[PDB]
Amino acid sequence: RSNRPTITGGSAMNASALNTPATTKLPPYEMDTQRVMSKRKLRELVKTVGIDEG
Amino acid sequence: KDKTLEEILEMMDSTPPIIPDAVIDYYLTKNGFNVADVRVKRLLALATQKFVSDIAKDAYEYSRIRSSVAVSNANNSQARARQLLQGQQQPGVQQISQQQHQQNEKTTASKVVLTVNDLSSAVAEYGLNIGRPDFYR
Amino acid sequence: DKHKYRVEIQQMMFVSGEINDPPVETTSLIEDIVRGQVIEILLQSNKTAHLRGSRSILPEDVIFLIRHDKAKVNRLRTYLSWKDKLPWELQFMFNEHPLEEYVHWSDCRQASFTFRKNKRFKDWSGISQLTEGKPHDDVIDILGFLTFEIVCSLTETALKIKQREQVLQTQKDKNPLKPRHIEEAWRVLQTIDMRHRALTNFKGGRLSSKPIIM
Amino acid sequence: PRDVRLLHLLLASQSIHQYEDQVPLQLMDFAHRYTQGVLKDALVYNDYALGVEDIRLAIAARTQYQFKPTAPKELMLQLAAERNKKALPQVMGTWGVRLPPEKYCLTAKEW
Amino acid sequence: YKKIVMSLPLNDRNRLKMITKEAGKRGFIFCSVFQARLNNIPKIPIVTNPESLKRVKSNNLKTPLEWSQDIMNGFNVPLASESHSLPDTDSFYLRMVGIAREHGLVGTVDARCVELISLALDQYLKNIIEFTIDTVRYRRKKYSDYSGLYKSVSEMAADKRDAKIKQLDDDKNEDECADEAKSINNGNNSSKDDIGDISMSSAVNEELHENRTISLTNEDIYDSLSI
Amino acid sequence: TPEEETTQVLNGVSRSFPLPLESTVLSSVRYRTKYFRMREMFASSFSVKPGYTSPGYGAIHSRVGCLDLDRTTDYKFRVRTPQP
Numbered sequence: 379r380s381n382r383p384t385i386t387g388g389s390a391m392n393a394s395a396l397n398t399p400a401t402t403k404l405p406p407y408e409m410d411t412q413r414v415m416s417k418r419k420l421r422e423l424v425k426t427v428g429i430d431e432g
Numbered sequence: 070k071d072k073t074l075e076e077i078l079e080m081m082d083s084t085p086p087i088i089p090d091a092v093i094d095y096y097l098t099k100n101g102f103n104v105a106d107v108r109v110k111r112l113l114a115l116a117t118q119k120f121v122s123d124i125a126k127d128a129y130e131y132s133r134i135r136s137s138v139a140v141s142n143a144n145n146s147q148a149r150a151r152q153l154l155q156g157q158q159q160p161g162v163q164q165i166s167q168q169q170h171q172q173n174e175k176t177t178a179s180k181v182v183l184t185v186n187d188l189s190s191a192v193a194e195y196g197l198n199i200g201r202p203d204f205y206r
Numbered sequence: 003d004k005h006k007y008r009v010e011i012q013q014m015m016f017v018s019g020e021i022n023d024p025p026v027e028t029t030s031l032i033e034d035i036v037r038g039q040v041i042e043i044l045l046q047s048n049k050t051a052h053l054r055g056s057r058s059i060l061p062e063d064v065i066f067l068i069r070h071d072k073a074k075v076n077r078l079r080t081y082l083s084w085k086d140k141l142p143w144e145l146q147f148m149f150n151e152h153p154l191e192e193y194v195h196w197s198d199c200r201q202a203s204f205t206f207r208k209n210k211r212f213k214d215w216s217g218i219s220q221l222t223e224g225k226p227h228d229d230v231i232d233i234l235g236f237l238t239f240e241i242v243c244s245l246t247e248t249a250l251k252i253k254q255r256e257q258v259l260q261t262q263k264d265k298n299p300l301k302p303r304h305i306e307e308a309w310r311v312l313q314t315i316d317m318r319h320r321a322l323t324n325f326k327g328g329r330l331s332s333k334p335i336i337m
Numbered sequence: 030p031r032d033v034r035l036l037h038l039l040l041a042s043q044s045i046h047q048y049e050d051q052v053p054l055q056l057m058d059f060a061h062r063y064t065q066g067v068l069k070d071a072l073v074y075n076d077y078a088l089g090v091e092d093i094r095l096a097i098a099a100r101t102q103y104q105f106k107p108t109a110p111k112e113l114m115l116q117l118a119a120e121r122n123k124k125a126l127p128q129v130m131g132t133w134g135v136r137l138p139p140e141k142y143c144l145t146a147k148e149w
Numbered sequence: 181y182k183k184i185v186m187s188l189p190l191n192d193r194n195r196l197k198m199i200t201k202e203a204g205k206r207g208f209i210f211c212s213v214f215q216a217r218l219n220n221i222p223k224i225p226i227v228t229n230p231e232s233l234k235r236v237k238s239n240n241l242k243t244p245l246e247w248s249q250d251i252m253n254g255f256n257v258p259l260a261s262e263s264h265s266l267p268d269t270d271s272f273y274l275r276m277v278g279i280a281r282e283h284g285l286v287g288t289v290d291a292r293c294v295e296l297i298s299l300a301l302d303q304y305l306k307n308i309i310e311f312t313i314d315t316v317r318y319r320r321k322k323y324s325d326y332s333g334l335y336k337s338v339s340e341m342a343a344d345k346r347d348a349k350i351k352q353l354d355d356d357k358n359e360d361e362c363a364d365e366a367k368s369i370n371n372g373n374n375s376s377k378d379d380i381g382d383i384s385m386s387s394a395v396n397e398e399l400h401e402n403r404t405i406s407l408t409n410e411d412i413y414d415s416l417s418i
Numbered sequence: 353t354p355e356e357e358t359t360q361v362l363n364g365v366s367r368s369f370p371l372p373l374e375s376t377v378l379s380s381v382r383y384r385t386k387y388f389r390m391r392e393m394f395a396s397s398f399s400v401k402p403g404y405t406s407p408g409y410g411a412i413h414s415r416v417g418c419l420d421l422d423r424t425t426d427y428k429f430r431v432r433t434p435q436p
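Protein chains in written order, with the authors' numbering: chain I, 379 to 432; chain G, 70 to 206; chain C, 3 to 86, 140 to 154, 191 to 265, 298 to 337; chain F, 30 to 78, 88 to 149; chain H, 181 to 326, 332 to 387, 394 to 418; chain Q, 353 to 436.
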């Protein structure tokens, strides 16, 4: 992961070919966890305590 | 069908419990909440009576387990009923009473004692902790 | 270690509800729950039987711990009727007494916890670790029947709360049992009764108690 | 007993010269239960890791929920300052005692 | 003096002991202001002991410049009164590592005890909410083997806070639930933390009718009312 | 004589006062964190004007405790104060 946009790419020297790893892959990321995220959790806790149950 | 509360009060109209009216009245006016219905007083009397029946019954279980005489009487109940049935008229006594004397001075000298060290464990089941030591040094 | 009784736990799970090949984690959690419950049963029964003055744990001494459930001890009494008088009873106060897959459904019920021999059970549960004497007259048969009942009731309530969590999930936005289902089934089965709490409710102090055995 | 008369000297040391008979018995049956619970929890905490820091852990486990808390004046001062933000309401000016509204009084109730 | 009948039947060992006690047996403190001060201040672990210095240098644990930052980052967590939701794993982790740096533990906090704390909060609040729920209602279908919808109010979570008082931490939280949870009907609860002032009844002041524009303090509180 | 023994026994009982070994100060989470946060803001805001030194450590800049890595069961410790 290297998001620095400056000359030398946040490295001691500006070669930029000598200061970069050989074989890389994509960094871990996550999508928008809006659907799976609940603003209120205590309402879910009272929901699993107090259900209708007839 | 499980009885509704109105049926219980309609039966308490006819059958009053053990704890009489004035004991319930003293505990009422000791805890506030003056009520004028006799059936609520009889229902609270029956509730307290049932709760202490359960506590004293659990004390009876804890006092019958913790004595070797009671579990040995329950083990050898019909085994000694055999000896009592073979205890016929006087011809037939010489082959018995090899074990009768020791449990005779055990079972006839044992009366069930409601004890502090028994009730403390019967209500430590119910949430209390009645810790009375056995000596004071 | 652990994971000793996995296939037998699966066999006892099959009798309660559907099986759907339960995972390693559910069987491991049920094994650790039953291994804890057996140690608590043996500790309470040994504490009760030592004060009588006999280190040999009697058969009735473990039925003492489940004396409240009358239907379950009647079930134990019918379970002790194919091997081809309680001390706290009403008669025993007084001194003297007078004179196609249905077959596959059944064979899973015949599969038990400690039916074969008490060889893996004795060093798994640790019978010799906490018992001061030699209890093995019928304590192992009752300690098999109790674990069968524990696993049956535990997976029954875990199935019912999995179904209720399923209907709660399909109502919120509109197959296998997990460790969270077993843990909340444990929370359902380990709530103290109201009559066993009544005498500490208005006074404020942290209730110390004992683990309720099934 | 030695501790009945030691409790006599303890009660007299704090200027308590009139008391009943079962009061040192109640103090001894409190101290027995308290020391037994503390030593049982300390035996648990020593099997975990006897000593004095073990006793300190076992008596800090149960200080947190039963006896009188320590230095509660600054929390009570903070709590008072949260309550004494609101200025006082408007009072009646008819020189008497005014009741709450009728639903907030113990009169419109039924048995 | 007059206690010859009582101080004499103590045994000789007991009396030879109890003619020796004094004040100065301890190394404690008893000034409650100073106890509250030491419970208030944030403390960072330092090192002077050489064996513990080589023990903490071997396990790559850092100097106190990192533990002080960990104190600050464990304090700067949006604690659960402000967020109005139960906390998550990163908030749990940061608060517990800040607390463990407060107590002295310079190691690493395990990743399973956070989930254990989560299930602890689960069963704690489930116990409290369940024994508030079964008091406003008698569930006839439950509690048996053969009316509408109720919302629990703060007066009810004070009313069954005392009928079953054992269920609490007995810390600050129960003190505030007993002391400040009940509100009188002029309490002005649906607010913005400042509108219960007396000057919000008496007229927004306007602006800049002056060469030097110094204003009054009754306008500064209207200025801070908007934010 | 029993008289000097009795008066010295009463002298012994009049000098013994117990302290508790463990006392849990009644406090809060929220008032502690809010005290810390407001003190951090107003400690980072102004300056110190020292004689020779300022209080605080890295990113505290206030009166900070000096609990050791060992002796975590001690009842008192040192604090930081600007020394001239």
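Hints in this document: simulated from the structure, not taken from any laboratory.
Hints are supplied without guarantee of correctness; some may be wrong.
What the hints assert, rightly or not - Here's a subset of chain H near chain C, in silico, CB distances under 7 Å, partners left out: (1) 283; (2) 345; (3) 349; (4) 350.
Unchecked claim - To be clear about the criterion: a stretch of chain H counts as covered by chain F if any three or more of its residues have a C-beta under 8 Å from a C-beta of chain F, and this derived list gives those stretches: (5) 233 to 245; (6) 259 to 272; (7) 307 to 314.
Beta carbons: idealized from backbone N, C-alpha and C, even for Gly.
Results for each hint:
Of the supplied interface hints, the one on residue 283 (chain H) is violated, with its beta-carbon coming no nearer than about 22 Å to a beta-carbon of chain C, more than 7 Å. Checking residue 345 (chain H) against chain C by beta carbon gives a least distance of about 10 Å; that is not within 7 Å, so the hint is violated. For residue 349 (chain H), the interface hint holds, the least distance from its beta-carbon to any beta-carbon of chain C being 5 Å, beneath 7 Å. Proximity of residue 350 (chain H) to chain C holds as hinted, the smallest CB-CB distance being about 4 Å (cut-off 7 Å).
Here the stretch 233 to 245 of chain H counts 0 residues with a CB under 8 Å from a CB of chain F, which misses the bar of 3, and the coverage is violated. Counting residues of the stretch 259 to 272 of chain H whose C-beta sits closer than 8 Å to any C-beta of chain F gives 0, which falls short of three, so the coverage hint is violated. Using a Cβ-Cβ cut-off of 8 Å, 0 residues of the stretch 307 to 314 of chain H lie near chain F, which falls short of the minimum of three, so the contact claim is violated.
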